[PDB]
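Just one chain is shown here, as structure tokens, and it is the form deposited without the ligand.
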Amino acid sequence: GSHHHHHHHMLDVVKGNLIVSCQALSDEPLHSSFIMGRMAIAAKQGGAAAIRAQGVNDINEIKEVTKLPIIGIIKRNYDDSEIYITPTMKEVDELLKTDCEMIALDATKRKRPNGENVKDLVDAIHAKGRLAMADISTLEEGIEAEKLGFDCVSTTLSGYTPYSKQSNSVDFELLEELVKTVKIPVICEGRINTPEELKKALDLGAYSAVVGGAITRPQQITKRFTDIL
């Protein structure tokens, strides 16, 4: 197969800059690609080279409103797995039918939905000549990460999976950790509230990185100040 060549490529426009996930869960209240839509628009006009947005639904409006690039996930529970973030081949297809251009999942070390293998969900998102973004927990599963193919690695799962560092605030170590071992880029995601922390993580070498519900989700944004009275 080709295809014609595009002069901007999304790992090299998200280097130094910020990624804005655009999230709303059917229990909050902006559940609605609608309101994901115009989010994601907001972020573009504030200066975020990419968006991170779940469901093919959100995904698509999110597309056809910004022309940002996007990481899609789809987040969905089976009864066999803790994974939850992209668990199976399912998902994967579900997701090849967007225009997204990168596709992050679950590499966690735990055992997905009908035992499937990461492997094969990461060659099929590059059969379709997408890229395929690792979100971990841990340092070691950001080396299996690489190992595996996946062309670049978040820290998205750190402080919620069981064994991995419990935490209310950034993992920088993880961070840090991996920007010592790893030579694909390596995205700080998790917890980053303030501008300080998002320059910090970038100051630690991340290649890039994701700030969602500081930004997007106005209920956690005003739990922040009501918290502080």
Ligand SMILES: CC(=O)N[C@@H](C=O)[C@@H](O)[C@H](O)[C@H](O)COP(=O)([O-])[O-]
Given for the second form:
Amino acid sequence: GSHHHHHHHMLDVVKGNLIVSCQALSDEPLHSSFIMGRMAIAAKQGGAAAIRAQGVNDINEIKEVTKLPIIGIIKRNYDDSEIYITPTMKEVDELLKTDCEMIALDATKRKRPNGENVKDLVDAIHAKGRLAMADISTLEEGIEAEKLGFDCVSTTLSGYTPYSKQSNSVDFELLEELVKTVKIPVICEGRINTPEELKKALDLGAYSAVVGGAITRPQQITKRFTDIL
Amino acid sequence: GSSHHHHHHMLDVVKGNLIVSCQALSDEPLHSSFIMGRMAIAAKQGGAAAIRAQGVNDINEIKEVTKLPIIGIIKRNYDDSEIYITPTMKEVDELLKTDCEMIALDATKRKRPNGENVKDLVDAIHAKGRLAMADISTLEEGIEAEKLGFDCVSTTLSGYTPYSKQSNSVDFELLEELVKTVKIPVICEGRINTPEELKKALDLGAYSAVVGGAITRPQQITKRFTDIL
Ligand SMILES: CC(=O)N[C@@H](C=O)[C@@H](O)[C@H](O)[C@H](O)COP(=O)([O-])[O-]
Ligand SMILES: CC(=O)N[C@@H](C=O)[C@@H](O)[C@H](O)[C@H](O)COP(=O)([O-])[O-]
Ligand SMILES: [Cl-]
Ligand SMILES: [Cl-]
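Show the form deposited with the ligand bound, please, because up to now only the form deposited without the ligand has appeared in this conversation.
Next comes the full complex, this chain leading.
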């Protein structure tokens, strides 16, 4: 198979720039592809180079109204797994029905639903010419992500698995250690609240960074303000 | 003649607490009464004690989905005045059609459309038993506002009139000076970006404070992140 060559490519475009996650799950006040589309427009107009989005309907709305590169995931609980970020081939195939250029998935060491292997998911993604991001919680998971064929790794799940570093602030340590040890792009994702933290992450060698809640979750932004009173 | 008594009163409710402004005018990404309603819900669930909203549609939706106390304004240009925050009796009367418990209006030294005076507008607001907030730009405007019987004063317009202090950051100076000289509630409003600034304003004697863009304008939040890169 063949297709036409584009001038701009996702990894080149996010390099040293900000990716904005526009996510609002079913228990959140902005749950609606209409609203997540408006959030992406705002992120675009504020200088975001790419968007991270959850669910086929949000992804498709964001792509239409922004034309930005997208990192797509589907979050879904399964009874037989702790994994919820794009846990199976069923979610991978749903995401490949969208135009999102990259698909992130949980690349932790943990057991996946139906006893599926991460390599198969990663191979399915590459088979359709997409990119694969490995959301990880620890340094070894990141090191293994590279070996599995991932195009890039993200610290998304650090502090969100029981065996990774438990923290309320950005895991800069993980970032540094990934940078010493993998060749592929290391993206810093998780609990970036301020411009200073974002600069620090890129200063520490992050290829790019994702900021979600501190831009697109007004409830969380509000809480951070009211917590200080 | 008379109405039933409520336990909670807007000025009592906001004291020491955060007011969130949920505005998106027609050139902004989140422009939509539905979207402002959801933002207000988020803001509520984050601990906001009241909401400031622009226009009858936004106000009505926000009252409906949050039941929070609302400071209402209409922003509208007139070709015979530089004032746009609730400039005339027209806007006052439209706002009194809503249930908003407080109405903010420009109470600068400047001439209003049609040569209307601010005292008349305040008297109409009081005539229906509502509260009147004075958005000011200077110490003397605040002193005068109190003289006219405004129920509170806000530093909303410091840096948004040519004769007031030009800054890109919170006008703490003005806040301190007003707290020292006026007996009515002084509300810090304009360019609060961090919880640290919020605490500082309350620490300097602000009765309460308003934060808008740093919570509810994702574009301005994104910009602050991308500016640092
Ligand atoms: C743990 C988990 O499921 N994390 C993320 C999955 O995408 C998501 O909830 C988060 O908002 C983004 O990663 C961006 O991070 P932050 O900037 O919102 O902290
Ligand atoms: C000058 C002007 O028109 N100011 C305001 C009128 O209400 C409005 O645009 C602003 O968002 C709020 O005052 C809250 O302040 P901030 O927190 O958005 O800076
Ligand atoms: Cl939220
Ligand atoms: Cl915005």
